[PDB]
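Structure incoming, see below.
With one protein chain withheld, the remaining protein chains of the complex are depicted in position.
Lettered A, B, C, D, E, F, G and H in written order, each chain numbered from 1.
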Amino acid sequence: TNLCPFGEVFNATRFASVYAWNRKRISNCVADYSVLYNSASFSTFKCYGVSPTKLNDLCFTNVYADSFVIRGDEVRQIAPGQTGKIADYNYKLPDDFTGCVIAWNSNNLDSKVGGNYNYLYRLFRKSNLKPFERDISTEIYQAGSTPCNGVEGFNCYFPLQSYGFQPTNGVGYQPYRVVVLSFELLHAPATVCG
Amino acid sequence: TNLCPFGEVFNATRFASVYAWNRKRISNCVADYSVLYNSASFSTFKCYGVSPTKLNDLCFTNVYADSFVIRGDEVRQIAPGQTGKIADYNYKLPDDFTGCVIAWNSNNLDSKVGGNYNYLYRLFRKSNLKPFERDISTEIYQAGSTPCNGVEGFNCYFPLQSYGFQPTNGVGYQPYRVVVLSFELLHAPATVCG
Amino acid sequence: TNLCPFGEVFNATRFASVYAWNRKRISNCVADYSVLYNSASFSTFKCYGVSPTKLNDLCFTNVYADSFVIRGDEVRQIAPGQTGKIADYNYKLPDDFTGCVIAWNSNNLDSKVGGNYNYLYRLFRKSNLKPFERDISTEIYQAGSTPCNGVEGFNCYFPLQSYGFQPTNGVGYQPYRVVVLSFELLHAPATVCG
Amino acid sequence: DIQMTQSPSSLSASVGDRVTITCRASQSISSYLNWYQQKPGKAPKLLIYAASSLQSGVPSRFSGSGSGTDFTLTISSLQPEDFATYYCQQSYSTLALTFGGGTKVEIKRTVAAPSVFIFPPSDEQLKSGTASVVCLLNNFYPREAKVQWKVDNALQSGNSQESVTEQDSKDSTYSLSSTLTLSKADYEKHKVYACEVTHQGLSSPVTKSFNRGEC
Amino acid sequence: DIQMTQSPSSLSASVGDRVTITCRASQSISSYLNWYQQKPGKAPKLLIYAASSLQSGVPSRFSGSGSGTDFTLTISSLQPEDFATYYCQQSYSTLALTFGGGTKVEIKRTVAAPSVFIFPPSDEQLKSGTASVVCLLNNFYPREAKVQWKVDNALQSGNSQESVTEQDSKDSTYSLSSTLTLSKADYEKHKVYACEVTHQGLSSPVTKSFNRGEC
Amino acid sequence: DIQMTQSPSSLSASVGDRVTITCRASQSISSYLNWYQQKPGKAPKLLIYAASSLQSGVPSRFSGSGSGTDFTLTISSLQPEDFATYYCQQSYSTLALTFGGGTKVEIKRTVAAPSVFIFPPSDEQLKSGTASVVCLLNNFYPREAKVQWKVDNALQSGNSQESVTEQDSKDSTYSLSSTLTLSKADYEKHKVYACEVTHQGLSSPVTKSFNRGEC
Amino acid sequence: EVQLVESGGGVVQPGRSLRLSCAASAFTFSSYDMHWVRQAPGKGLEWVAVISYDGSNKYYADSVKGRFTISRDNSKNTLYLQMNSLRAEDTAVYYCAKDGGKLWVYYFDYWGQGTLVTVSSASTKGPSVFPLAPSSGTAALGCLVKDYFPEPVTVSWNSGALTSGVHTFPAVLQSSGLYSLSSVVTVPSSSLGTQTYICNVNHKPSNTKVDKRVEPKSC
Amino acid sequence: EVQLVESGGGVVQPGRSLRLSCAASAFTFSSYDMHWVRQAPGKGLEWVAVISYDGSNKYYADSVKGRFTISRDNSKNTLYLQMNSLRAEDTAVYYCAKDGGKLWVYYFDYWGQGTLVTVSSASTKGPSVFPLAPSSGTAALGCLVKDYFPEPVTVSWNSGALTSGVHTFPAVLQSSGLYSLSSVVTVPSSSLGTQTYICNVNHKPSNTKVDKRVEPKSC
Partner (left out) sequence: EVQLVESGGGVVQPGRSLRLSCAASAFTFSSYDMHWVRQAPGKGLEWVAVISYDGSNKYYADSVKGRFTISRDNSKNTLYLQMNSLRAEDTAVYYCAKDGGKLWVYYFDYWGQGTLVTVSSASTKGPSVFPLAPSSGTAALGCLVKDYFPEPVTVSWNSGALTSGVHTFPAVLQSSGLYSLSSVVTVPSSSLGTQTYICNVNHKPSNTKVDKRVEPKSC
């Protein structure tokens, strides 16, 4: 009964842009990973810090479910020690992440005949993001010596760029929904278990 | 009566190419800067070393009036600490220049339906020009290991390139007449004053 | 009578690809260089270590005749201290080579209306060849981190590339037959003399 | 054009100490540099002109030196009335004058451990539709303290803003208020808001945390 | 992904010496590293898990240390039965596990000068249509010896293949056989086949040469 | 191909001193280097061949050494008759021989302050249509003196040409004549022609100036 | 003994025009040039334009060149500063400054007190005040004066009776264009329910006075 | 005391399927996960796939993901490894390994002896043996067993009478897909014509036995 609502995350009708990575908190519920085991439609399923198998026999203080959307080529980028647009300007991981990562194409859902541009990504930022940092600031980037006084143009760019997702897009360019399931265990009682 | 003939410089019918920057010497005459003050048609008017205002109350040993023609994009280049084609190969300033610089478009005058190519510029030189150096040598540049024995071709280029000036050219590409007014004051009597 | 058969080398009907540079050994025969002296059809004839003239008055232990085919642009590359595709991946010389090099166009013979692609060259190799090294290994080059397990594709390239030789090709791109005549003299009797 | 860099950005000094401030230019200027003083709120005031000339009515403790690109302003013995922000301005470019970034001098006192407090949005703001969280730092020294906002233990940047009070006249310690804000839909979507503080006077980082609607 | 580098590639050690082996990762892992032992031919065997835990039934001379990217395995006193190849394997990537390149440990004996021999193709192979030349190195130490094939004093690469025997149980020296092969048309086209050998125990390179069909 | 660099470009030495000259090649040559001597005006003469062989009839003071890329020619004790220009030439490239840039050796005397003079165009040249200005340097040592032409205090380059006399037999000082030339229309367009001189023996630069048609 | 008086500063919508006045005293306004210097909130100084002593030579900064106007009336010893088609970037404090004429290079000798100018396409709006109560070694409470325009706003504690420990944080212009300010005061944890605390704020431009009680969170 | 038994290994053409069996003993096969590790000839270890203790969770390496299958029968304490559409890259030695479950991270506790699997689109072919005679301080002779498929082949000298100094070089798979091996033995130069030397080789899969005499080159 007291089962963790992972379904609403993976079966969510809509997702967020990567720069605005959506988060869910999971606590005080039974940890049922069978949905992952049964679900064979996972494009990529890679864990770190702990094996996915001996998890339903293991407790933790809390669980964090990160969700966002990228393209196929950026799937490799969702991991520790990764570099790239998504790695540094839209989402990040520490050098000691403990959890799992899942990715699956959503071209049938996250693409339009006219192109699905609802999902965006940060393309510029004066410094790399800190681990598990979310940035949605609408500040105009200063690319040149001339300050950008809230206006766009020369050396003044909109930080967000919209993805081009269409049914005809390439595999590396078709949309993919990505989830990060992180388990935290501190010197506190664990309210979630298998 | 003994007024300095600045008019013939600024109202000169014709100008020179930048590499052959024309010079005029001004001495033993009254220093009337009102023409600059009245003249509002100056595209750019920037001074260094001394303010333009408290000048007609100030004497100097001699005045040098440099005149040449560049494009709009090169206007920024006429200044100390500047770098570029015009900065290093066609005209230069010291690190302690004392005077003023004026620039104004002459597209109505220095452009032709067929293109005004009378004005040229140095594009290559084995070393940067010394301050206030004029070079009009017709030596062929040696760009490769093979010596250029007075003939053009491979690694042998004509040092001068003609500007493309037409009524339809862009603002940064339309012709601009540029003047440098430098004041020198040594341990000698000053023969020019306001 | 006991004359060295240099003719069959220079008048050979067919030649080899540069990476598979053909070699001939010359020993126990009379050294007649007149064929070189009479033959004025040599595109390039350059010797090192010893003058070509006072050679028919000089003996050696052995002679090595290297033959291959390159393009015109690569003619310069056949020499000590040379760098390039041919210099490092297909043929090499020491820093103390002793002999001569000859080159002549064979466009009339080594070109086809449909393009003469019989001659190839090595384009990749993880290390520069040692002096007078012949490599014809069909190993697939590993250009990326992903190992190439005997299959071509991403970061997996065929080491040989075929030349494009046609009657209409440029001078630097038309075929040229190249010969290296090296003389070795050790603490052994010399069986070849003029 | 021309850029002027003044160092240090801010320094702590006590009375009687000899202070030195450096100003550097992109290129060389002979003596076309000035030093001005400006108290908080008060209008700017001149101290030194030409980099080697004492202004009339200015105490002799101020001395200027240097030429070309690097210039120095030195105070032989600091005084309480001298605690202000000093600007260095170049003059070689008459028609494109530029000033230094500024150097604010504070009183070199003992290190003050910040007093940190957390305050959730009021229900009245909940009615309005917005939500704001206040993280307060008071009585800390120096002012260099990092304030980080955590949403469900997640670092957030750019969504808040910090405001620093001037150095206090009584204990010479600063106060900082960070207001973390978002909309109603964005407030209930999370549960935990925490404000981590990193300061020189803290042996370990200190964070104040709470859970939505729990009091 | 993740790559593991184990050093040295191979080392010579004698009984009673203290051996150290280093393993490095592309990125950092806390303690997700293991050391295994595998004798030639025999199946792999575990020595250390977690990089800081002795396996049961394993001699105490094996000790593990290190964290992050660099890890070390140390043997206080080497034993004859310990002469095997050691693998270091990371565990941070559960579903993309990767192992080290391996480190084979040989017995640190005296330098053995290779015994080099040359053998031409038999006429029976000449009948078949192929041709093969054998260059033999026997009783040499260490195994690091360069074998080069010369065709008419011309260096040839990639056309042969080398096979190395295991370290001998009696004298602990290796044997190498290089087989240089080509077709009948390619054999008579040349005259001289020579096998140059470069080894640590050779003051000068040694080459064995012959001329086609001369015996 | 092959390039040969000889250093120094020119050196000052006195009688009895030991001179050394270095010659460097783009690549390595065993001993295919020669040293030749050539007096001003006189035809070239051989000194050393093969870089390690004294030529017959050559004084023993000349000695050659070096191999590969760098070679040295050394004179144990300089003599007055040895003051000539020495060329180093490579021989590895028989059919593309190349020579060194040359190294002229002068007599190491005391520093001579240049005597500088200015001479305007004659009216006869004014009639012709051209104009030429002569700047004369005489009795200076060494020859390394910069001559700069100023037109109305404006530096001009490339429009003149300099000619240097050989080292004098009496005082061993050089003479330089710079001829600055332009057309009639280009001569009256300016007023002041000045010839600045920079030389080692001058504490400050010396310039000779005049004003057009003033005498 | 030099006196300068800036005036005419105010608030207006972008694209409008404003005139500023500097009054000279105790010196010859006619025999020196004048500069205008503006300093944005929290930033440093920024040069704008300069006028000669005689008012015949005019110069302006590139950022405003062809957009501002500088003029003077030596008869009145008055300096006029007209700013047409103003942008949001122009919100700052302006000062007038004497020339000095001691060198061929411009320095700044004297300054006025300056006047404030603001640009914003928004109407005045009533402030909203919210309490900032403590919870469960002393405690502290405060009030937030958010969503008010324009500056300034006056804040007091216990109608001014509560003075010690009071800190009024500098206001900041949020992206909506309005202002928000925080006022705080620390009190011993012992006195939290006995003493009543009411932050009294007045906003004269909007003509709004509000006194908000603050009580500790209860649950 | 842990016993594991790999079986089912063999040789097959590319694109076919093979089943491998690991038999567990002296431990609870049901309460631990299982991994499959393959090691190519001359290379090191390579992880493939892993199965849970309960056989409900399955994972495979990217190199074979969607191509292999891992299953287990705890009732029989048996582990099954099915490999469909095999490539030439799959020729290696496979081992089965226990989970251990001592950490949240996978280590390898025990291994089996392993079984051999080979992939090649070639039929078995009779070996060809050739003598390797010395010439004119000892000498050495040998035989080359070339062009045989598949492994292994058995070699002896003097029908096993000649033992000392014998070195059987490891086989290598040449580009043609076949195998070649060299066997050598050093003998004193004094005894070259008196003692006869015959290398005796047997190849059971091809059912071929050959004894080749070796005599010194004569000319």
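Going forward, a residue touches a chain if its C-beta (ideal position, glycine included) is under 8 Å from a C-beta of that chain, and two chains touch if they have at least 3 such contacts.
Enquirer: Of F:98, F:157 or F:207, which sits in contact with the chain we cannot see?
Expert: Here the residue in touch with the unshown chain is F:98.
Enquirer: Quickly run down the residues of subunit F that touch the omitted chain.
Expert: 32, 34, 36, 43-46, 49-50, 87, 89, 91-92, 94-102, 115, 117, 119-122, 124-125, 128, 132, 134, 136, 138, 161, 163-165, 175, 177, 179, 214-215
Enquirer: By the contact criterion defined above, which parts of subunit C meet the unshown chain? Give residue numbers in ascending order.
Expert: 34, 37, 45, 49-55, 58
Heads up, the rule we're going with is that only the chains that are shown with their structure count from here on.
Enquirer: Weigh C-F against B-F on C-beta contact pairs and write down the one with more.
Expert: Higher C-beta contact count between the two pairs: B-F.
Enquirer: Thinking of C-F, which of B-D, A-D or B-F forms a repeat of its interface, with over half the contact pairs identical?
Expert: Equivalent chain pair to C-F in B-D, A-D or B-F: B-D.
Enquirer: Measuring centre to centre with CA averages, how many angstrom lie between subunit A and subunit F?
Expert: The mean C-alpha positions of subunit A and subunit F differ by 73 Å.
Enquirer: In angstrom, rounded to a whole number, how far apart do the mean CA points of subunit C and subunit E lie?
Expert: 36
Enquirer: Note the residues in subunit G that touch 2 or more other chains, in rising order.
Expert: In subunit G, residues 59, 105-106 touch at least two other chains, as defined above.
Enquirer: Counting only residues that touch at least two other chains, what does the list for subunit B look like?
Expert: Expected reply: 49-52.
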